[PDB]
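A.B. asks: Chain by chain, the residues run as shown.
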Amino acid sequence: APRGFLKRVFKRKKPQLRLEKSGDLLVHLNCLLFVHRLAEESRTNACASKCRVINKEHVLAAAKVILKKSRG
Amino acid sequence: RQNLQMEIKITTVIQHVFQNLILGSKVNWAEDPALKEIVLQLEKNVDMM
Amino acid sequence: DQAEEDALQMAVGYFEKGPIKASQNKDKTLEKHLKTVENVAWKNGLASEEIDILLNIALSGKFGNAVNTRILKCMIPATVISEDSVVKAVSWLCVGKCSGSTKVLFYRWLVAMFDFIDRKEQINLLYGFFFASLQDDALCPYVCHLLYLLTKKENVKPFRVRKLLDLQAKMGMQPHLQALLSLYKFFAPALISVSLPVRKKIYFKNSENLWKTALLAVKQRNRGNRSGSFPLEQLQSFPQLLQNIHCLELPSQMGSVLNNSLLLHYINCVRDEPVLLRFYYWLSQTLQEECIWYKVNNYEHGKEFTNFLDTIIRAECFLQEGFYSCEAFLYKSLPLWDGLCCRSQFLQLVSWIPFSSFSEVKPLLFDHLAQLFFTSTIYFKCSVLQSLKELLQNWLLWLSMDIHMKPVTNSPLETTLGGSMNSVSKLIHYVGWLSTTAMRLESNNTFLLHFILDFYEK
Amino acid sequence: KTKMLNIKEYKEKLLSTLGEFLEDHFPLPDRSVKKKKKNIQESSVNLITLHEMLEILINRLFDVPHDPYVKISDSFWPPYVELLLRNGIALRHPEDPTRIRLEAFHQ
Amino acid sequence: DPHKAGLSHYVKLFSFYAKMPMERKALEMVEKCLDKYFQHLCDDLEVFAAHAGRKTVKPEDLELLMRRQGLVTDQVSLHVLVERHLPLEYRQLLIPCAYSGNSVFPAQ
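Residue numbers (the deposited numbering), protein chains in the order written: chain W, 17 to 88; chain H, 199 to 247; chain I, 59 to 282, 334 to 567; chain K, 163 to 269; chain T, 454 to 561.
Pulled out of the complex, with its shape left as it was, chain W reads as follows:
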């Protein structure tokens, strides 16, 4: 996990919230599963439309489903 990089993300965006020891490993466990659910839907949208190269609309249709489940 880039533990030095995740302290730079959490302080520049919201400079009032603190993180304890090994709390960023579950942030990295979230981000390993977020890209893996993004790449699964992008593989699903490419094989259903019979196009091998993943276009920008295959990422954008995956951005309307996977990011919708992230809010709560």
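Just so you know, not all the hints are guaranteed correct.
[Said to hold, decoys possible] EDC-like, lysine to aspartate or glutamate: derived pairs with alpha carbons at most 20 Å apart: (1) K:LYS170 to H:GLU241; (2) T:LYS489 to T:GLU499; (3) H:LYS242 to I:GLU179; (4) I:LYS75 to H:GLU229; (5) T:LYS511 to T:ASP488; (6) I:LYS221 to H:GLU229; (7) K:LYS233 to T:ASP527; (8) I:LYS228 to T:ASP454; (9) W:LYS80 to T:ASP527; (10) T:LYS472 to W:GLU73; (11) I:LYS75 to I:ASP85; (12) H:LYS242 to I:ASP142; (13) I:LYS441 to I:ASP476; (14) T:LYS465 to T:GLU484; (15) K:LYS175 to H:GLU241; (16) T:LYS478 to W:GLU57; (17) I:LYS412 to I:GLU398; (18) H:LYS242 to I:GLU212; (19) W:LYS84 to T:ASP497; (20) W:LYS29 to T:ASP454; (21) W:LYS27 to T:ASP497; (22) T:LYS465 to T:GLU481; (23) T:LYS472 to T:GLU499; (24) I:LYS210 to H:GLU241; (25) W:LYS85 to T:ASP514; (26) W:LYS37 to T:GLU542; (27) T:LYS465 to T:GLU476.
Just so you know, the hints here were simulated from the structure itself, not pulled from any lab data.
Position chains H, I, K and T relative to chain W; hints supplied.
C.D. replies: Here is chains H, I, K and T on its own, set in the frame of chain W:
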């Protein structure tokens, strides 16, 4: 011979579980020489014994 | 050297008591005792009991990380190292008070000091703990070099096949994992169902680079009754075949019989039928496709064909019988041969043909020999009679002992020896007809007349 | 007949070694822990000894070889499961990670 | 930029998971997707921290976040995902393990 071919498998499974039970326990086994003899005995298979 | 030894005796005796409380002189005293580790070991060396004290402290984590790594870099032993020091040092690593970079320098110490230990009994008995350090990914080239040097036949286990195929599927192709499976195919090929390439790789640290190891040891890569069969490749020299001749398996090809002289001893005493028919089926196809006049007249392939016929003429003389492929090739090449283009390798190929009847040889050999004998040069005319005097050697050598080795037939052998009487008396009277006719061709030259009387010496 | 009676004497030496190493080092776990300043909720199912946990796992695998799966219940403790999973002793089912089994080492 | 090089490790994880070569402006869509997901990660934690009345992130709100996204269910727990997707150094510090004397090195 069927009892031998099942007890060699039982001896192999228990001697390969028990060495990882020694390793996962984090116990200094070098101070006991009889337990050191058990740890040096656990490598030997049914052809050596 | 005694004052350097007595400074070491107060340094090892300070380290075995651990850190001494109520004393804030640890920045000066034990730093000076860390400086006594190098200048004894870089000049003189240490005894075997001085290695055993300092290795147990540096793997337990008493003085920190920066002190214990500087001990492991600069130790040079002068005597043998006991295996009981190797047994206890695993058990201090089983406590769990050790760091990551300290385990690197402990594993690099066992690589470089492997040849100075002659007790490899209890080190091989710790192989189950040596396999179980593969869960750490940062130590993974350092573990697998220790797994290479400590593997026996009983250490190759099928679940250890199964874990390393799972590590091949997760983190891919690495040269420390492919070289560990290359020894496992060198020891037990039946336990692995995944075949490996056989390409030229150095596989490890090799090729005598011990000065390059010591320059990179300062600060580099330290931070993260048997009725079965015997295998043919284990015959290295002469007495390995003398102990095992009654159990010898069959190879994957018959072209390796001519390569090894130890396999030429196996042909001398085995009179089995399908081991001679498969050798007939290979070498008849070798002489037919890779001959001279079937090619596009390459001088380099004719040199390799000359080098292949030098293997045949030493194999026919070591066996003392000619091969059944070789006399079948001369049945088809003597109408197709003119008299040159490796003449000396072709006239020695006719010299070691075994005995047959006289009426079978003369339409296939002696008609096509006499078409070239009276018409070529006199160096060919002398080389025919040098070939036929060696043909009169090996035919009369077989007939001299064929009487001795046959008590089986209860019939008298005077019809068989009388049938062999006119086969060889018409042999000498044909070459004697070749000798008195070629004298008239050259009109009494003495250079042919020396080799006619050498034929009647036989 | 002698060497099959010899390896049973190596078995009863090792099961006495298994009975004495786990008793002196891995005691009975108490469910009345972390009771300072909080009130964490546990069930009334009592935890057992890890030597009694491994006695079930060698009786599940070796008696019926076609079903080694053991359901994780309230009688088990999850660091006792993690000690069997870190060293590679036990393995979970990949379609459902609630059933553990004793992985045999012969293939 | 260090924000660009720190997100480029997850660009190479995105090329590894899809197993296809990806266009450069398509990877700029992913770096804008991870910029707004990390903004929504900080927005979901401040709802979870103001519900308890604190400004320091505790791991039980991280346990609650995967239960609402479907990553942790009644059959797949949080300890399944650590032992299969993270190495041995991260498995030691997160999951409690049992040792001699009933001692736990991540003691709670």
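A.B. asks: Evaluate each hint against the coordinates.
C.D. replies: Do the hints match the structure? See the list:
1. Between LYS170 (chain K) and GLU241 (chain H) the CA atoms are separated by roughly 18 Å; this keeps the pair inside 20 Å, and the hint holds.
2. This hinted pair checks out: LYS489 (chain T) and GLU499 (chain T) have alpha carbons roughly 15 Å apart, not beyond 20 Å.
3. At most 20 Å may separate the alpha-carbon atoms for a hinted pair to count; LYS242 (chain H) and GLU179 (chain I) meet this at roughly 12 Å.
4. Note on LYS75 (chain I) and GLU229 (chain H): the hinted pairing holds, with a Cα-Cα distance of about 18 Å set against a maximum of 20 Å.
5. With a CA separation close to 23 Å, the supplied pair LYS511 (chain T) and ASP488 (chain T) exceeds the 20 Å bound.
6. The hinted pair formed by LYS221 (chain I) and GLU229 (chain H) fails the criterion: a straight-line CA distance of about 32 Å is larger than 20 Å.
7. For a cut-off of 20 Å, the pair hint linking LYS233 (chain K) to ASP527 (chain T) stands: about 14 Å separates their Cα positions.
8. With a C-alpha separation of about 32 Å, the suggested pair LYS228 (chain I) and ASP454 (chain T) falls outside the 20 Å cut-off, and the hint is violated.
9. For a cut-off of 20 Å, the pair hint linking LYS80 (chain W) to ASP527 (chain T) is broken: about 26 Å separates their Cα positions.
10. About 18 Å separates the Cα atoms of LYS472 (chain T) and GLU73 (chain W), which keeps this hinted pair within 20 Å; it holds.
11. The suggested pairing of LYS75 (chain I) with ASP85 (chain I) holds, with an alpha-carbon distance near 17 Å, which does not exceed 20 Å.
12. For the hint linking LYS242 (chain H) to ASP142 (chain I), the alpha-carbon distance of about 18 Å falls within 20 Å, and the restraint holds.
13. Simply put, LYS441 (chain I) and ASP476 (chain I) have alpha-carbon atoms about 13 Å apart, close enough for the 20 Å limit, and the pair holds.
14. The straight-line distance between the Cα atoms of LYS465 (chain T) and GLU484 (chain T) is roughly 12 Å, inside the 20 Å bound, and the hint therefore holds.
15. Proposed proximity of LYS175 (chain K) and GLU241 (chain H) is supported: the alpha carbons are some 16 Å apart, at most 20 Å.
16. Simply put, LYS478 (chain T) and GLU57 (chain W) have alpha-carbon atoms about 19 Å apart, close enough for the 20 Å limit, and the pair holds.
17. Our distance criterion of 20 Å between C-alpha atoms is met by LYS412 (chain I) and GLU398 (chain I), whose separation comes to about 15 Å.
18. Between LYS242 (chain H) and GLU212 (chain I) the CA atoms are separated by roughly 9 Å; this keeps the pair inside 20 Å, and the hint holds.
19. At most 20 Å may separate the alpha-carbon atoms for a hinted pair to count; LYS84 (chain W) and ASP497 (chain T) meet this at roughly 13 Å.
20. Between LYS29 (chain W) and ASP454 (chain T) the alpha-carbon distance is near 16 Å, which keeps this suggested pair within the 20 Å criterion.
21. In summary, the hint linking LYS27 (chain W) to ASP497 (chain T) is supported, as the alpha carbons are separated by about 15 Å, within the 20 Å threshold.
22. Under the criterion of a C-alpha separation no larger than 20 Å, the hint pairing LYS465 (chain T) with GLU481 (chain T) is consistent with the structure, at around 13 Å.
23. Restraint check for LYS472 (chain T) and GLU499 (chain T): the C-alpha separation of about 36 Å exceeds 20 Å, so the hint is violated.
24. Restraint check: the Cα-Cα separation between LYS210 (chain I) and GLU241 (chain H) comes to about 12 Å, which is no more than 20 Å; the hinted pair holds.
25. About 17 Å separates the Cα atoms of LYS85 (chain W) and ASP514 (chain T), which keeps this hinted pair within 20 Å; it holds.
26. Restraint check: the Cα-Cα separation between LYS37 (chain W) and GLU542 (chain T) comes to about 14 Å, which is no more than 20 Å; the hinted pair holds.
27. Between the alpha carbons of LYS465 (chain T) and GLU476 (chain T) the distance comes to roughly 13 Å, so the proposed pair stays at or under 20 Å and holds.
Comparing the model with each earlier hint shows violations of hints 5, 6, 8, 9, 23; every other hint is respected.
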